[PDB]
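Participant: Take a look at the letters that make up each chain.
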Amino acid sequence: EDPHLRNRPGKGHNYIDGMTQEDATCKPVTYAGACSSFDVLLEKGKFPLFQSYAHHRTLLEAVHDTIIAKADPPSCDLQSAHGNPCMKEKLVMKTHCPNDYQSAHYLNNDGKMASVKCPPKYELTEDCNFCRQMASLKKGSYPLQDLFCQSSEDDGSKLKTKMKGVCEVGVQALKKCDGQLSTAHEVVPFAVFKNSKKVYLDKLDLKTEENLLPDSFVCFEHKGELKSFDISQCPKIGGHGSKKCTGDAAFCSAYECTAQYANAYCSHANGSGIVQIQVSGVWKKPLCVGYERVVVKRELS
Amino acid sequence: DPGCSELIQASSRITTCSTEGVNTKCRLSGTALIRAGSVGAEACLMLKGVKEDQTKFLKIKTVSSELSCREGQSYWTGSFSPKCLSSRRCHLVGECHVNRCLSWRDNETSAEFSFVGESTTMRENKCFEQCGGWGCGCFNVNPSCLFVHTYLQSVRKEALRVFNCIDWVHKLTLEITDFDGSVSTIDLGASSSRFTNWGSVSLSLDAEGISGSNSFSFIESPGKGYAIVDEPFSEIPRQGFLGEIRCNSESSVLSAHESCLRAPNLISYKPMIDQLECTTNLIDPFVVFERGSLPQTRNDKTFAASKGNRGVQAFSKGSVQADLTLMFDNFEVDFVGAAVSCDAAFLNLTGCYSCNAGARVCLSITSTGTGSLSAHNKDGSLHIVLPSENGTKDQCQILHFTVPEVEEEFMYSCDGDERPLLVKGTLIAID
Amino acid sequence: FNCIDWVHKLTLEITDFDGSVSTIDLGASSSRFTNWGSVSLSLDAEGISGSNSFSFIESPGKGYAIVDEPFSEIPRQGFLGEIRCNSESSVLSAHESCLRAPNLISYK
Numbered sequence: 050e051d052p053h054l055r056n057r058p059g060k061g062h063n064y065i066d067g068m069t070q071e072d073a074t075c076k077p078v079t080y081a082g083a084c085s086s087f088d089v090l091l092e093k094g095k096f097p098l099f100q101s102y103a104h105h106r107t108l109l110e111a112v113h114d115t116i117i118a119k120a121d122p123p124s125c126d127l128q129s130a131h132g133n134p135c136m137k138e139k140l141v142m143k144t145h146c147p148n149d150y151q152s153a154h155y156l157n158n159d160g161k162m163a164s165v166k167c168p169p170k171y172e173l174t175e176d177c178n179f180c181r182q183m184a185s186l187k188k189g190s191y192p193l194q195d196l197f198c199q200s201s202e203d204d205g206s207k208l209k210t211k212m213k214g215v216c217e218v219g220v221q222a223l224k225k226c227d228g229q230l231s232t233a234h235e236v237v238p239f240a241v242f243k244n245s246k247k248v249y250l251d252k253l254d255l256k257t258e259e260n261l262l263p264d265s266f267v268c269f270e271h272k273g274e275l276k277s278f279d280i281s282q283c284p285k286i287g288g289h290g291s292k293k294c295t296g297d298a299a300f301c302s303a304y305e306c307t308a309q310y311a312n313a314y315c316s317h318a319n320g321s322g323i324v325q326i327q328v329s330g331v332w333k334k335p336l337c338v339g340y341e342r343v344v345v346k347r348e349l350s
Numbered sequence: 337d338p339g340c341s342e343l344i345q346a347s348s349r350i351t352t353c354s355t356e357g358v359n360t361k362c363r364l365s366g367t368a369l370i371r372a373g374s375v376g377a378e379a380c381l382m383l384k385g386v387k388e389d390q391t392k393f394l395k396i397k398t399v400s401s402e403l404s405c406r407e408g409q410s411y412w413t414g415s416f417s418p419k420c421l422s423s424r425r426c427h428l429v430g431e432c433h434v435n436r437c438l439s440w441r442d443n444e445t446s447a448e449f450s451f452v453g454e455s456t457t458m459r460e461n462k463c464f465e466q467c468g469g470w471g472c473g474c475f476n477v478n479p480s481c482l483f484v485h486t487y488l489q490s491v492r493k494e495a496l497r498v499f500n501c502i503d504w505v506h507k508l509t510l511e512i513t514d515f516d517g518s519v520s521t522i523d524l525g526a527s528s529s530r531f532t533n534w535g536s537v538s539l540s541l542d543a544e545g546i547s548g549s550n551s552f553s554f555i556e557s558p559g560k561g562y563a564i565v566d567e568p569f570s571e572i573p574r575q576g577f578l579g580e581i582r583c584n585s586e587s588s589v590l591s592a593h594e595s596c597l598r599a600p601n602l603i604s605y606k607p608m609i610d611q612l613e614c615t616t617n618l619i620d621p622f623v624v625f626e627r628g629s630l631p632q633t634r635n636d637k638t639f640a641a642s643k644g645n646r647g648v649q650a651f652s653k654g655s656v657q658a659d660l661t662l663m664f665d666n667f668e669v670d671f672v673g674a675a676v677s678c679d680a681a682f683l684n685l686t687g688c689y690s691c692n693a694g695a696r697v698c699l700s701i702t703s704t705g706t707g708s709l710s711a712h713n714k715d716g717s718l719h720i721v722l723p724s725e726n727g728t729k730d731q732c733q734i735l736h737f738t739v740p741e742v743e744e745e746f747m748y749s750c751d752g753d754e755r756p757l758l759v760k761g762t763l764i765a766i767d
Numbered sequence: 004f005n006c007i008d009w010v011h012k013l014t015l016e017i018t019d020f021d022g023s024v025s026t027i028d029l030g031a032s033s034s035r036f037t038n039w040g041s042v043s044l045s046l047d048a049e050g051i052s053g054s055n056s057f058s059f060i061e062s063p064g065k066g067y068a069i070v071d072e073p074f075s076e077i078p079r080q081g082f083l084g085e086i087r088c089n090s091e092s093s094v095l096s097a098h099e100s101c102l103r104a105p106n107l108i109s110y111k
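As you go down the protein sequences, you meet chains A, B and C in turn.
Read in the working numbering, the first sequence has 329 at position 280, and its numbers run on one by one without any break.
Read in the working numbering, the second sequence has 588 at position 252, and its numbers run on one by one without any break.
Read in the working numbering, the third sequence has 86 at position 83, and its numbers run on one by one without any break.
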């Protein structure tokens, strides 16, 4: 019930490495600023999964926190040479990006991250598979997948696509085809672990496991309402600190509370903590679980 | 474990071949029918690829024969003690009157009890009339009013879920072992279906069922045992019957939620001028829970709690007669064609022949690697498969025979080449 | 009033541990409130059925009485239970909220 959808834990950086153009307004990402790579994540009717899970991290924040690696090149330019590795994974995807956007990032196959790049002044289209010519053009990127990042270091490189009766989904060449193969764009779940491939899913069992973590509390600065305030300036239990801080039982159980003798009010975020996954009957912890609309080839005959 | 008993072969229609160089692998997609075993026995299924050294077993462990109770209508109930609050207001004093105090609605809260506070609890608001004058307080000669605000409060800390069972489903808890080694535990009853790593599984023949269970209600107690009541299920609540105050969840019984259903005019009132005693006559469920606690002698079966999965079951007698239809749903099966060597031994051979239980055998396999060890006889009627490991352990499985004087030379090939093996033992006739 | 069932009430005077002596009662399967918790009745194999054909009359100050006839629900002329009310003021002060049968007053 807490309307803290703009407060980002950790550091609050959303600009990606490759399109560092909107870094003047999204640093740090807080209640202020009009970052094009975060405004569409909270609009009603776009990515409801991130609307349900918004107190954690994103894919960009995971890249900045040394969680999700970047491919080579991390931002494949669309107007340069003749062939780039960041195209076979883009044409198979079918999304809907609004107008006035230059870049569009997505998830690759090797577990890293690869985005596109268009030289000025090129904008996207209704699908984003190709950047054509020309409000003003946003100097950022549009999230092509409905996923969310989180702090995790669970290893899982010995798992592959767990989909039965599927020929070649996305760009992964699984099993061969001998009869009728479909090609309809359907949603498929996936979950990439640490240093692994784009592992798809079939049965998802999400849950909420909260824990007393420093990156699970939100707060706003008080002054003569929601204001930006760094959480790292909160003293510990009898430790030290620069300014002051206070909160409820969750925020005051681990940090020091001074009641009215502070400048903010730290509150525990609803659902923030540890979000595990149940794949192959074994409870695991993913990194950036989400959905995507790629080309699914199912063997009907 | 006494190993597997029924071991058959898969047809060539649901078995394909698709090699990718040296390493020949195949897939399994279709439906195979295998005969289920008895109490203790399993059901293994060996796979033969393009040669003979490739062997993949599919054993299904059978625990016992259970009779799960199919739940239908359920509700949460428990003990409750109302806490009455008296507030004798004088006549013509704020809201206390001769006409407003009598005709008072039970679903309305005016200024007489608005300062108490809102709470999701099955409460009610009454209104009575006592006396006035200077004998008890009041300037007017008219009798004063008496507003009553009584709300329920569960004095206990435990809750019970009273349910019933319209039919007894013969559940068979099966521990299916995959080909790679992922051991999973599932269950099958009557004609159910689950989800495995290699596909799915369902039950075919199930000629074991008991009818006539609608006239009995069950009570679940988290932590303690269960109970049985010799009375049909309670649908509509009424005063003087088991199942008056009911709810829908555990919080509706512990925290007393308003959303619980109850009968109107269930709280009595005995006002005494300045006193109030709002008590009820709710039947204590722990009395019947302690009176009819399981186990109980009912007809000819034994009712008790279940293991692993929460629910009610029953202990019957006899054997296990069912048919298991394995449902292959396109599963990739891989196996290296280069196995390792190993030697086997012999221990004892006791049990029975031509029966559902069979006979166990002790086989000491001494190998140097992790793999399998296929074995057969001469005429082509016995099949033995055991996962070989680097060590010295005792294995063996159920071997059905048709002669008490067991004497047949076995031929095991754990690496591709057959080796002689002689077994012996005396068995008995057990149907 | 009437009585549809006879509840075997057991007036129990429970003595607390500290010394707070309280007097309560238990019937059939009732429950009360004590300083140490609560109390209820388990076994109660003593009950009498068949009391719907008898009506009782309460008199504050004096004794009670019994009537050999069933309870009166609907009022009518020439029957016990014509003019009825809901409280003591409806009988003493004659409140207009009391229910009665129409055309009950004769005129000559």
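Derived from the structure by calculation, the hints contain no laboratory data.
All residues carry an ideal CB built from backbone N, CA and C; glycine is no exception.
Please note: incorrect hints may appear among the correct ones.
To be verified - Label pairs and their computed distance ranges (CB to CB):
| id | chain 1 | residue 1 | chain 2 | residue 2 | range |
| --- | --- | --- | --- | --- | --- |
| 1 | A | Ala298 | B | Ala543 | 57 to 63 Å |
| 2 | A | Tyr340 | C | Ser41 | 30 to 36 Å |
| 3 | B | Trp470 | C | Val94 | 47 to 53 Å |
| 4 | C | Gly40 | B | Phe531 | 48 to 54 Å |
Participant: Does each hint hold? Answer for all of them.
Facilitator: So, going through the hints one by one against the coordinates:
1. Restraint check, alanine 298 of chain A to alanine 543 of chain B: a C-beta distance of roughly 60 Å satisfies the suggested window 57 to 63 Å.
2. One distance hint, 30 to 36 Å for the beta-carbon pair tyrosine 340 of chain A and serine 41 of chain C, is violated here, with the actual separation near 54 Å.
3. For the pair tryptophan 470 of chain B and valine 94 of chain C, the supplied restraint of 47 to 53 Å is violated, since their beta-carbon distance comes to about 22 Å.
4. With their beta carbons about 49 Å apart, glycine 40 of chain C and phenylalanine 531 of chain B fall inside the hinted range of 48 to 54 Å.
When held up to the earlier numbered hints, the structure conflicts with 2, 3 and fits the remainder.
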